[PDB]
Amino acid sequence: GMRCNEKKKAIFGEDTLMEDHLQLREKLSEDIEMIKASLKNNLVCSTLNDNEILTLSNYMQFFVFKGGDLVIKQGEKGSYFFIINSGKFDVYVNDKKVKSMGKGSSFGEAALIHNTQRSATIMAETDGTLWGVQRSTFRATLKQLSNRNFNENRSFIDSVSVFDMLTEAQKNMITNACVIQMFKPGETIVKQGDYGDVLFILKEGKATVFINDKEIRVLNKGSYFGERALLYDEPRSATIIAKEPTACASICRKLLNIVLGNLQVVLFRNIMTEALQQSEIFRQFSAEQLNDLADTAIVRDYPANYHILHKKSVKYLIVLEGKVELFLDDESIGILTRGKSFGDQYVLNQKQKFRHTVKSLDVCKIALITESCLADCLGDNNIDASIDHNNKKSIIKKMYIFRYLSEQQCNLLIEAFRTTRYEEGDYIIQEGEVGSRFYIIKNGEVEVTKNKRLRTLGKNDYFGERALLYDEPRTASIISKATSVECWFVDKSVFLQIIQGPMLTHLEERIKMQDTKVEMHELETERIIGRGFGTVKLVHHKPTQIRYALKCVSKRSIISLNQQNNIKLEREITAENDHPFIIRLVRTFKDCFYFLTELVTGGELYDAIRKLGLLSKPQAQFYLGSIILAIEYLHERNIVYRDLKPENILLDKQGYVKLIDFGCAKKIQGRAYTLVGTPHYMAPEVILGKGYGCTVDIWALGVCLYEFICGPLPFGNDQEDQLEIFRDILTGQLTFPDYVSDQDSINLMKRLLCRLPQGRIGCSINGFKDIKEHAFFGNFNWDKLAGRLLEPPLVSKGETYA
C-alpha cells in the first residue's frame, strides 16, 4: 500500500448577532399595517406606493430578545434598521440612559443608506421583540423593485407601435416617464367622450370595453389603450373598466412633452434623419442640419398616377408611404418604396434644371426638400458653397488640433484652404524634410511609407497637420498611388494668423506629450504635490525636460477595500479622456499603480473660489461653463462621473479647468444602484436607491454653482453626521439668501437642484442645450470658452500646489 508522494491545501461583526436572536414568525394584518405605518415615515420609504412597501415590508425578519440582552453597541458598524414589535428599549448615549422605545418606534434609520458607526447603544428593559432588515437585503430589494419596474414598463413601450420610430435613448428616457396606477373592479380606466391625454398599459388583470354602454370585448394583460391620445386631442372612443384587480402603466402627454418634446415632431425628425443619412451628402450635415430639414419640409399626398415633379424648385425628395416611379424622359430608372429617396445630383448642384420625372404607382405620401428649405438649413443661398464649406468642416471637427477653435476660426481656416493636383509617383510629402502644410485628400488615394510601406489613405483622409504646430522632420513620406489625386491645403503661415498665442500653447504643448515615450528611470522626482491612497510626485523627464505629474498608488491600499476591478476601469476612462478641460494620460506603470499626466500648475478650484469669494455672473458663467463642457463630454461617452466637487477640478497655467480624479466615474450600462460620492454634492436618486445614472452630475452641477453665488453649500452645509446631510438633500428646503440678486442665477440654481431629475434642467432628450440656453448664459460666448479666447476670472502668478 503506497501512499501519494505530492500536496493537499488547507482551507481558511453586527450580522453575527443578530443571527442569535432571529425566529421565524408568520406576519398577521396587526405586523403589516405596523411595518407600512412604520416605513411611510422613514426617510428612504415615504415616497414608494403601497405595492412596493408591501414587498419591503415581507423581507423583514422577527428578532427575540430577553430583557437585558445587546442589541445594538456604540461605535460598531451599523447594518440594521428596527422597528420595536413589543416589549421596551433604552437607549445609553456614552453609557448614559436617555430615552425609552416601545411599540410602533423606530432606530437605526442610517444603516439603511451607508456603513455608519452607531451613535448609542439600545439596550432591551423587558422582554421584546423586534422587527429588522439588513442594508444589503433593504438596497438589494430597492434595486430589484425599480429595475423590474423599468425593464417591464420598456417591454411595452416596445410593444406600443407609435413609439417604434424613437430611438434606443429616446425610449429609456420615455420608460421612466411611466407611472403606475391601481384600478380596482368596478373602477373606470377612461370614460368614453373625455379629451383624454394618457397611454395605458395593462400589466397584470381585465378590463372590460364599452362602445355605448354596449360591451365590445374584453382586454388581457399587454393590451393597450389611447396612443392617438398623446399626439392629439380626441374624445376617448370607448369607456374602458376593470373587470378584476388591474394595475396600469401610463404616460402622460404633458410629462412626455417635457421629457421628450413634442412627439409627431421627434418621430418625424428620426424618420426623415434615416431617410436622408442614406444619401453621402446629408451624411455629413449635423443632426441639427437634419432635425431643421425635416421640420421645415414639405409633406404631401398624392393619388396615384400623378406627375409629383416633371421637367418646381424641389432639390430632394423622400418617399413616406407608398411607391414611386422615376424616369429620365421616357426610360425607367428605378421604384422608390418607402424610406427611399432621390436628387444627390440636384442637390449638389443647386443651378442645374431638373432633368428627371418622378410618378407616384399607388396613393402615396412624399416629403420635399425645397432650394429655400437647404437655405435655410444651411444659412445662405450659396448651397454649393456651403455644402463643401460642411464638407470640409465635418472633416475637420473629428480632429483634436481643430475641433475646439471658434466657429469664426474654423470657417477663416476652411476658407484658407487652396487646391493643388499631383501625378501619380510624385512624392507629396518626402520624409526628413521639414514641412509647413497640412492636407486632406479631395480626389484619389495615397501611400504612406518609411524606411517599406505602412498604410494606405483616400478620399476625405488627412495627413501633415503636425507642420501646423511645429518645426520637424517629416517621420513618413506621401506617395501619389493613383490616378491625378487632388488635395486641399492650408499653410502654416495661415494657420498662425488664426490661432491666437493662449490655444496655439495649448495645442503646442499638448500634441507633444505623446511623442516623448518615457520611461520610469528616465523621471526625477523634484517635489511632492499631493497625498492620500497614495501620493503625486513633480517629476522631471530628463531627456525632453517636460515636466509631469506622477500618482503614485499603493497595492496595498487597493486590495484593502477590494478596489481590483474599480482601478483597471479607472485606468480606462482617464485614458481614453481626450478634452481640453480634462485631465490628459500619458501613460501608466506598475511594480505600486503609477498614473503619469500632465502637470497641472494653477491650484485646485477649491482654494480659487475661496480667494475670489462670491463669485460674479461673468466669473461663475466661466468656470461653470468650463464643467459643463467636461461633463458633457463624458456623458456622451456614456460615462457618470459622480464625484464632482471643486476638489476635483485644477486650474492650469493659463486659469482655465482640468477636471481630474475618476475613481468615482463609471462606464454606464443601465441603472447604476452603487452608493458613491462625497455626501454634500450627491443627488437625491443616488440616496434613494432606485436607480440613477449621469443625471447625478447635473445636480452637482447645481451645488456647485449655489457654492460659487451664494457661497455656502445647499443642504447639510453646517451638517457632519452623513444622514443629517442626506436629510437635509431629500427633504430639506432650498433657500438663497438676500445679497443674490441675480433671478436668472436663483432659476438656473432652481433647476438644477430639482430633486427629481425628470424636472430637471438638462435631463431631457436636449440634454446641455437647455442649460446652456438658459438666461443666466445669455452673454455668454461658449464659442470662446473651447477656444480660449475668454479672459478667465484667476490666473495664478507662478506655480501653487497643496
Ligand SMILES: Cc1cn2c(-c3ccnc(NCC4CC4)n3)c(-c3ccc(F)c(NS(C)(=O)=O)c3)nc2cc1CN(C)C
Contents of the next structure:
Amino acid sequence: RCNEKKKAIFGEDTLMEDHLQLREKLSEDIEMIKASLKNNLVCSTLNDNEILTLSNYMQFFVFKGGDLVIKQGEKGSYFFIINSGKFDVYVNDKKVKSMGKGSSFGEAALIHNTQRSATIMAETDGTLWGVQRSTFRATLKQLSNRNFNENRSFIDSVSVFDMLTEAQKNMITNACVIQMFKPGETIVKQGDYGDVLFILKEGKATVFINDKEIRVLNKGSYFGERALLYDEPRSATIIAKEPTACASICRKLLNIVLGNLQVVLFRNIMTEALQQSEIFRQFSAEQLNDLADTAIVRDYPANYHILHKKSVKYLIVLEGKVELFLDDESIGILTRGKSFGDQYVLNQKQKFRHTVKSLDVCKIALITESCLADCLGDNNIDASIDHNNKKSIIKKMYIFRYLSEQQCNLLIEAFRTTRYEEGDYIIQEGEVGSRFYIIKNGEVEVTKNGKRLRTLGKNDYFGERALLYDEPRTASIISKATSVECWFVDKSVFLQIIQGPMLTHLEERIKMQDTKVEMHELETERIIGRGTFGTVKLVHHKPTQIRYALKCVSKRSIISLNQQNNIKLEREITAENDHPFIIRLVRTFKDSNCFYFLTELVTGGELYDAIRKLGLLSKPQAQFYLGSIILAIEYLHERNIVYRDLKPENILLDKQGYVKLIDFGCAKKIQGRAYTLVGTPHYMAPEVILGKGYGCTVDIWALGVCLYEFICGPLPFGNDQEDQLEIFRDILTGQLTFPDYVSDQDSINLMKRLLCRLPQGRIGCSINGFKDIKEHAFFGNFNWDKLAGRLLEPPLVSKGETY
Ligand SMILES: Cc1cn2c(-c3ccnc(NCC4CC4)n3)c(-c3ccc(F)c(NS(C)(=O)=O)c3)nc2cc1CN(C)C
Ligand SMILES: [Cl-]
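Output the structure of the form solved in complex with the ligand; the preceding block shows the form solved without the ligand.
Starting with the chain above, the whole complex follows.
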C-alpha cells in the first residue's frame, strides 16, 4: 500500500458517424460528384485532377425516411450531395423545397462555421455523399501546397533560374501552369518560335529531329530554357508517349511577374559582385541595379590588355580570369565574380596606374566614370559617394529616415568634422548637450558612473536626443584611439531644417518611447473602446504627466478560443512595429487575470469620423489616406508580416490628421503560404476564401476595397447582404461596377486592378511591389516624399479631442 494521489482522465458532427458505411464508388458515382462539385462556389475554379481527389474523400451515408439531417442555429460542419430518393427543407418548421438526386445543400459550412438557416429532412429512404470542413479545407491545403513545392523543385532544377533570389523564385513558382498531354500529342513542334519552358513531372516523351527519333525523356527532363530568353525556333519535335504531366512557364507571364529575365538575372549577378566592395555595399538596391543595367559587357580573347595606363573606374569578372599588374608586378588574379577598382571609384581624378590582362577567354563588366555619375545623378563622384555614405547611416535611424529628401540632404550638407586626442571626453555625463555625432575614423568608449558600457567605431553614431531635448547626457563618450574623427550637426542647424509638425511628432514619440512605466503609476481618465475581446483605457502617468492608452485583455477571453500560441506572436509583431503611421507599443504587462498593452495615445479621432464629415473623398483626399495606409502596409510586408484585417475601423487619426493603424489580432509573420481563414468578410480577398493559399497580397485587395469605399461610397461586394455566405459569393463571382458619379478614369483603373481576383494580375503583386501602385496615374501629382515627412496638409485636422 503506497501512500502518495493519481488524478483521473477526461455536436452536429456526432450524428453523422451513425449513418456512415464504407462503399466502393462506381464509375458513374464519380461523374455525379464531378458534376455536383463543379457547381459549388469554391470548387468551380478547380480542375479534374483536383475534384476527383475531393471526390475520394467523400463518404457514403445511409438514412431512412422521416429522420433528421441538420438542425437550425447549429454548429455547421458537413456539406452534402443527394444520391437517391428525395429530401425536404424546413425554415422555422415551415416547408419550402424538395430535393432529389443531383441537388446539393449545406455549402456555407465549407467556408466557415455559421449558424444553419434551415433544416433538411428525409421524405423517403434516401442516401447522401458528404464531407466535413476540416477535411475539405485540409484537402485543398495539401493539394495546392504539394503543387507549389513540386513546381518549386522544377524551378530549382532548371539552370537558367539558378541566379534568381529566393523571393524571385517563389513569385515565378506561382506562374507555373500544369499542362496535360495524351499519348501521341506533340508538346512542341520543330521550327515553331515557342516561348514556353516545360518539364516532365510524371510520364515519358520522345524527341524527333527531322522526323528521326533521338531519345526518350523521363520524369525530370526539361526543355525550352532558351525560349524564355530569346526568339528562337525549336530545335526538335517532342511527342508524348504515355499519359504525361508537364509543369510549364510562359515568357509573357514571366515578364508580367518578374520583368525581363536577363535584366533581373544580371542585376543579381552584378549586385553580388559590387557588394564585395565596401564602397558599393553602402549603395541602394536601385543604384546597384542602375550600374548593372548600364555597365559595359565585353568578351576578350586570352592575353589581352583590357586596361593599360579610358574612363573605366571598376571592373568585374563575369567569366574567365584576368591578372592585375602594378607597372611590371603581378598583384593578383581575379576569377569569376571578383572585381577591382575601389581606389579609382573613390578618387575620380586619380590617374589609372594599374593594368589588367586576360589569362584566358573572358567576359568582363566595366563601370565607367559617366556610368557612376548617372547612377548618382552627379558629376562630383567623390562628394556624392561621401554624401551617400552619410545618408545610408542616418536613414537607418527613425529621427531622419522619414524626413523629406531635400531636408535629409540639407542636413547632410551641414555636417561638419572635428578631431579628438585619445582619452578626450567627446561627451561628458551630466552636461546638457547640443550636438549629434557620427564616427568617421577610430573608436570610442561609452561609460556611466565609471563602469564602461560598450564600444563604438566607424559609422556608429551617438547623441541624437540632444537634437530634440535640452537634458543631461546619460553617458560619457571617451576616445579609445589615436585621432578619432567625428561628423557632427548642431541642434540649431537641425531646427532650421525640420519644420513644426514633424518636430512635434518626433518630440512626443522619443519621450514616451523611452520613459519607463510600472503599472502602479497609472491613473485612468476614461474608457475609449470595448471590442469584446478587450477594453481600452486612456491613462495618465503620475511622474511625467504623459498620457497613454492601456488595452486590457482577460486571460479568460484569451484561453477561451485556444489563443495561447497567438497572443505571444501578436506581442512580437506589435513590439517591433516602428513606423509613423502604425501604432507604437511602449511595453506590456502580465497578471493573474488580464494581459495589458501600453501604447501611445492617439488624440485625433477615427478615419470613419473623417469620411462621415467629408463624404465621398476627392482625388487629393483619397490619395492622402490610401497613400498613408500603403506606407504602413509596405512597411509590414517588408518585415514579412501580413496584416489580414485592413478596414477603416482599424485606422485612427492623430492630432495633426495623419493615420495610425491599430489592432494586430489577425496579423501573422508569413512562412511560405498561409491558409487560415481570417479577416472581416467584406474586406477578405478571394484567395483567402478559396482555401488554396495566400500571402501578403491579400492586404492589397483590402486596399482596393478601402479606395472603393472612399470614392464610390458603398462597398464593392456584398454591401446590402448580412448573410456571410452571400458576401463571399459576391466577392468570388459578383460583378464589379462603378456608379455614374465617379468621373475619374485613373481612379477606376486603380480600383479595378487592386480588386483583381487572381493575385498574379493584381497591381502591386509583381516583383516591383508597391512601386507600381505608387507610380500609378491616380497618384500622378502626389508627393510620396512629403507624405512620410508630414509636409502635407491633410484632409481633416481634428479640432479638439473627439472620442
Ligand atoms: C477607438 C478605438 C481605439 N483603440 C485603441 C487606441 C489606441 C491608441 N489611442 C486611442 N485613442 C482613441 C482615439 C480616438 C481613436 N485608441 C486601441 C488600442 C490600444 C492599445 C493597443 F495595444 C491596441 N492594440 S494594437 C497594438 O494591435 O493596435 C489597440 N484599440 C482601440 C479600439 C478602438 C475601437 N475601434 C475603433 C476599433
Ligand atoms: Cl554636445
